[PDB]
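Each chain, written out:
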Amino acid sequence: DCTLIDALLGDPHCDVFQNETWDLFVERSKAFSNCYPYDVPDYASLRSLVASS
Amino acid sequence: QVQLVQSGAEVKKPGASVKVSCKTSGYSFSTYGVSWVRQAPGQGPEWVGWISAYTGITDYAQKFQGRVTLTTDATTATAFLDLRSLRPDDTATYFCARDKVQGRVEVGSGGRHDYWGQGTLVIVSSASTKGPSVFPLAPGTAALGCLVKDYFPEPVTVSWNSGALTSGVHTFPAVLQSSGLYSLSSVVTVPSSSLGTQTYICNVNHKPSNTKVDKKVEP
Amino acid sequence: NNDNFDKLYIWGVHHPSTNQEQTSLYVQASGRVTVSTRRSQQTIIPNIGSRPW
Amino acid sequence: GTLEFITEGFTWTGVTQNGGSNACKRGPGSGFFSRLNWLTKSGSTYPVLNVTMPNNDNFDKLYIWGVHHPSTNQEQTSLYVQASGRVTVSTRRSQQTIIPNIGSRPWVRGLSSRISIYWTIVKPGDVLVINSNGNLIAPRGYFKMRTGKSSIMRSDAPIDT
Amino acid sequence: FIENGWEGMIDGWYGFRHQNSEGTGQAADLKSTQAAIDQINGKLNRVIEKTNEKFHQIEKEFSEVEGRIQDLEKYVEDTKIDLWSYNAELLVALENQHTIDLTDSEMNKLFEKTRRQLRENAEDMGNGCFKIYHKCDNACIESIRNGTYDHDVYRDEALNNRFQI
Amino acid sequence: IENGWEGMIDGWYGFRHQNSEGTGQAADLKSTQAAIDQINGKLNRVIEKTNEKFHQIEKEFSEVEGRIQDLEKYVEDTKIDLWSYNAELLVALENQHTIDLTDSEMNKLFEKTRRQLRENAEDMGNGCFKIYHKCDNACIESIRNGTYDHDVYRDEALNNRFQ
Amino acid sequence: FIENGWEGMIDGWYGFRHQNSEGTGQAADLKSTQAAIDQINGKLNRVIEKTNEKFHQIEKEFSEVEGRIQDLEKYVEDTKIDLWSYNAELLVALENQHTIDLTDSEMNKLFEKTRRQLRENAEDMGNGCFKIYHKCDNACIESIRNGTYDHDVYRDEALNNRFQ
Ligand SMILES: *[C@@H]1O[C@H](CO)[C@@H](O[C@@H]2O[C@H](CO)[C@@H](O[C@@H]3O[C@H](CO)[C@@H](O)[C@H](O[C@H]4O[C@H](CO)[C@@H](O)[C@H](O)[C@@H]4O)[C@@H]3O)[C@H](O)[C@H]2NC(C)=O)[C@H](O)[C@H]1NC(C)=O
Ligand SMILES: *[C@@H]1O[C@H](CO)[C@@H](O[C@@H]2O[C@H](CO)[C@@H](O[C@@H]3O[C@H](CO)[C@@H](O)[C@H](O[C@H]4O[C@H](CO)[C@@H](O)[C@H](O)[C@@H]4O)[C@@H]3O)[C@H](O)[C@H]2NC(C)=O)[C@H](O)[C@H]1NC(C)=O
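If you're matching them up, the sequences are chains A, B, C, D, E, F and G in order.
Residue numbers for the first sequence, in the working numbering: 1 to 53.
Residue numbers for the second sequence, in the working numbering: 1001 to 1219.
Residue numbers for the third sequence, in the working numbering: 2001 to 2053.
Residue numbers for the fourth sequence, in the working numbering: 3001 to 3161.
Residue numbers for the fifth sequence, in the working numbering: 4001 to 4165.
Residue numbers for the sixth sequence, in the working numbering: 5001 to 5163.
Residue numbers for the seventh sequence, in the working numbering: 6001 to 6164.
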């Protein structure tokens, strides 16, 4: 249910992802945010760079 | 299923030559060549040559060329290896193995040394053969054994109860003596209660000297 | 946007030459324009100064 | 492919020129970047500067200029009087306006304050207009621009003949 | 020469069909068969030999319209695809034209081998057969096939049926 | 055939004979079309309609932008350089082939003709045949059109050749 | 035909080894040697015909992590490399398969030239030799090698040793 950026920031339902690792993270169509409404100037860059960390 | 049974160990003297058989089965002999690899004790494997059972073609390693001749007999389904002018260098264990695919479509390289012979020891020495003496290795865990002493050449095969006792057995590397002969130990650790009920067997067998001596041990 | 297609909105923001002009037109000493959708957000603060004629 | 600089006589009236900090020491005493001009207060005034410099030449002029970000308000007022500065460089086609931000940055070589560097290319026939009531790091002129084979590379290999 | 090819030959890929007194019969030449195979095999192995690995790349699908950067990210990935696609069309085409000429030459070669062997004891009928001009029983036939036919032996017999009657 | 024939306008490959009845010429239309059909089909593959592109990136620029522009120019140059190589290589390959294709076609016609004459003629060495018998014009077209029965002129030819 | 090839031939690339009454001997065919060379030469010249020049390009190493633009600058340059690399692997492979078939055909062609020359005075032994069926002394041998052997001359001699 989480996007990557939501696990990063720590949306409540994305808590189970804390301190996680991956070779390939898989964002689902179904996913949603459910916290304070935000936006990320240069969203795609942050997503990309965390993804490859 | 699929297998390669090779001939028993031969022993030959510096001049002479040798022939080693490799019997195949479980696959159609003629759609696959055969690779031969040898192994000088303690060193790693070195390749000898290859022959096709489809086309009769051969490729010997240039190190041996002349001395070595590969053949195949389709009726019996067997590949043969003949090595001439044996040096003591050539004392090694000799393996055959399925290799290349012939006739059939193609690939990729799925074997290419699929399955191997159990290996067949060749000893090139000028010394005499001598059969082993078998002495009991007289005995809460407890230990017993056999001592296979003063024989030549290798190998000696030792088992216990036709192979009925496999567990907790350690058969050691033969050790060369300054007397030129070989000595070999084999031991078993068993529970020290079962003594009246059980007994034990030394399936000692030294086949360069046709000596099957199954000789026994007790306290 | 209750329609079934993407709507493109073109808008802009005025940069006056003097403060006297800023006050004549928009009263407040310093303006601010903030256009936003549910996902995105965008905010410009007009800059006052002389440009070439 | 060139740092061919050409000085122009900007006339910055009512402000003191050529400031320099101990961070950027030239010789025994203190100085600044050689192709930039640190305009600060004169008396207790910083006028609204409003200069202009055409391009009657037949080539593109590259102007490097910048804007000072002080660490404290005290330092902002000492230098530029006005509580909040503003720098606006513009040509007939383009326009560009920075508003310096006051705050503490990490200490670098004696200073907690900083300078942002901006460029403006002004083409033949066009005209450059600098305007500012504080915090300007002004240019002394332009660099000639040309297009060509030139380039740059990171390497530690030495040069032989 | 052979304006056709033989269905029902399942011994191998190239072969011999003879007819003599003892009767007709067939048999495949295994050496020139494997010769073709080994080439195709190796050519095929080089094509499918292990590909690339690629991990974190650029994005290639997009939800919003971004203009300039996105326009470039899609041009880059399309330009890539179009080239690799050309490479693959050309590769297969070349490889195939070759695989054909390779196998046509193999047949061709076996025929010559067989002609050089018969020397002056036989003639090329014109359809990739030979009219051998002597009593060639089944022993003699495998003698040809397995590369041992001594022409110096049937020379006189053959030579005379050819130039007389 | 160290050379080739100017003035052959019947086709692309042919026969030039000389006998008692006189000299004369005639083209082999089958092996001619054989060459053509290959060149034709090869050529058709190459020019099989290229591909359509619409809104791409910008490739000319008025002002200097640095990084993005540098990349937009590098991308398009890199593209060009590759496609250019593809085209140079293509043509080269295709040509070397188109040559070897047509040289083999001539070559093949010659063999066809040799297998036909069997033991009634010899290869002069310049891609001609010395036919060893009286081969009048009927006999000649019999060769050209694939019907020359050697078993017929065998004895005549065989004997002029050897005795 | 020739199972093998001759070491110790240093006069040229293709040659003739004869044996007659006057003794054995060897000699290279220069014309079909240069024929092979001239092709390899020209093929080779086209490959190394001087490459491109390039000057101010994009950056390809990077110190800090920038995300999107940098990912693209790295993808562009990698994509380039991979393709050019394929071009070079394929080139060499093709060129080589050709350079082989070119030289195998050159030998092949010399042999035929020589067979058409001997016409009916000799037979192909099967290993790419000829059994010439007449007294062919050293003058006669070079007459073959240099393209002047008149068969119409030794016809009768040869023809008769061959047949009875
Ligand atoms: C700060 O910076 C710049 C340069 O130092 C400056 O830009 C120039 O200023 C003058 C004054 O505003 C203007 O010039 C105009 O140019 C055209 C010439 O082609 C004229 O038609 C205009 O003239 C008329 O307006 C006159 C007013 O005096 C009347 O006499 C008459 O009716 C004319 O129609 C006008 O003079 C222009 O503003 C610019 N030009 C450019 C290219 O920037 C800016 O004015 C400076 N401002 C301050 C406040 O210091
Ligand atoms: C906001 O936060 C920043 C960071 O917390 C803070 O800046 C820090 O201030 C101290 C001084 O107040 C500075 O530390 C410097 O570090 C170097 C070491 O590499 C020293 O050489 C300097 O020391 C000298 O000055 C002394 C004063 O008498 C001498 O005794 C001494 O021998 C040296 O001459 C110097 O102190 C530095 O300015 C930072 N540190 C960092 C990591 O940024 C700042 O105080 C805060 N802002 C405000 C307005 O309070």
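Just so you know, these hints were derived from the structure itself, not from any lab.
Treat the hints with care, since some could be wrong.
Stated by the list, open to error - As a list, the in silico SDA-like pairs of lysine to any residue whose alpha-carbon atoms are at most 25 Å apart:
id: 1; chain 1: B; residue 1: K1149; chain 2: B; residue 2: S1159
id: 2; chain 1: G; residue 1: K6080; chain 2: E; residue 2: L4090
id: 3; chain 1: G; residue 1: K6054; chain 2: E; residue 2: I4100
id: 4; chain 1: F; residue 1: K5108; chain 2: E; residue 2: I4100
id: 5; chain 1: F; residue 1: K5112; chain 2: E; residue 2: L4090
id: 6; chain 1: G; residue 1: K6031; chain 2: F; residue 2: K5112
id: 7; chain 1: G; residue 1: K6060; chain 2: E; residue 2: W4084
id: 8; chain 1: G; residue 1: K6109; chain 2: F; residue 2: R5067
id: 9; chain 1: G; residue 1: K6054; chain 2: F; residue 2: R5067
id: 10; chain 1: E; residue 1: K4113; chain 2: F; residue 2: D5103
id: 11; chain 1: E; residue 1: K4060; chain 2: A; residue 2: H13
id: 12; chain 1: G; residue 1: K6050; chain 2: F; residue 2: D5103
Claimed, not checked - Residues of chain D placed beyond 12 Å of chain F at every Cβ, according to the derived structure:
id: 13; residue: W3012
id: 14; residue: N3055
id: 15; residue: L3062
id: 16; residue: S3078
id: 17; residue: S3094
id: 18; residue: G3103
id: 19; residue: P3106
id: 20; residue: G3110
id: 21; residue: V3127
id: 22; residue: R3140
id: 23; residue: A3157
Claimed, not checked - Here are the in silico distance ranges between beta carbons for each label pair:
id: 24; chain 1: A; residue 1: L24; chain 2: G; residue 2: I6069; range: 31 to 41 Å
id: 25; chain 1: D; residue 1: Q3095; chain 2: A; residue 2: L24; range: 23 to 33 Å
id: 26; chain 1: G; residue 1: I6069; chain 2: A; residue 2: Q18; range: 46 to 56 Å
Backbone N, C-alpha and C define an ideal beta-carbon position, used for all residues, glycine too.
Each hint tested on the structure:
no.: 1; hint: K1149/B with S1159/B; result: 16 Å, holds
no.: 2; hint: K6080/G with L4090/E; result: 19 Å, holds
no.: 3; hint: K6054/G with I4100/E; result: 42 Å, violated
no.: 4; hint: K5108/F with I4100/E; result: 17 Å, holds
no.: 5; hint: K5112/F with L4090/E; result: 33 Å, violated
no.: 6; hint: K6031/G with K5112/F; result: 29 Å, violated
no.: 7; hint: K6060/G with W4084/E; result: 22 Å, holds
no.: 8; hint: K6109/G with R5067/F; result: 59 Å, violated
no.: 9; hint: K6054/G with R5067/F; result: 17 Å, holds
no.: 10; hint: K4113/E with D5103/F; result: 24 Å, holds
no.: 11; hint: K4060/E with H13/A; result: 29 Å, violated
no.: 12; hint: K6050/G with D5103/F; result: 32 Å, violated
no.: 13; hint: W3012; result: 28 Å, holds
no.: 14; hint: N3055; result: 14 Å, holds
no.: 15; hint: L3062; result: 9 Å, violated
no.: 16; hint: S3078; result: 36 Å, holds
no.: 17; hint: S3094; result: 9 Å, violated
no.: 18; hint: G3103; result: 28 Å, holds
no.: 19; hint: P3106; result: 27 Å, holds
no.: 20; hint: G3110; result: 32 Å, holds
no.: 21; hint: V3127; result: 16 Å, holds
no.: 22; hint: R3140; result: 22 Å, holds
no.: 23; hint: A3157; result: 24 Å, holds
no.: 24; hint: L24/A with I6069/G: 31 to 41 Å; result: 23 Å, violated
no.: 25; hint: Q3095/D with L24/A: 23 to 33 Å; result: 46 Å, violated
no.: 26; hint: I6069/G with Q18/A: 46 to 56 Å; result: 30 Å, violated
Of the numbered hints stated above, those contradicted by the structure are hints 3, 5, 6, 8, 11, 12, 15, 17, 24, 25 and 26, listed in ascending order.
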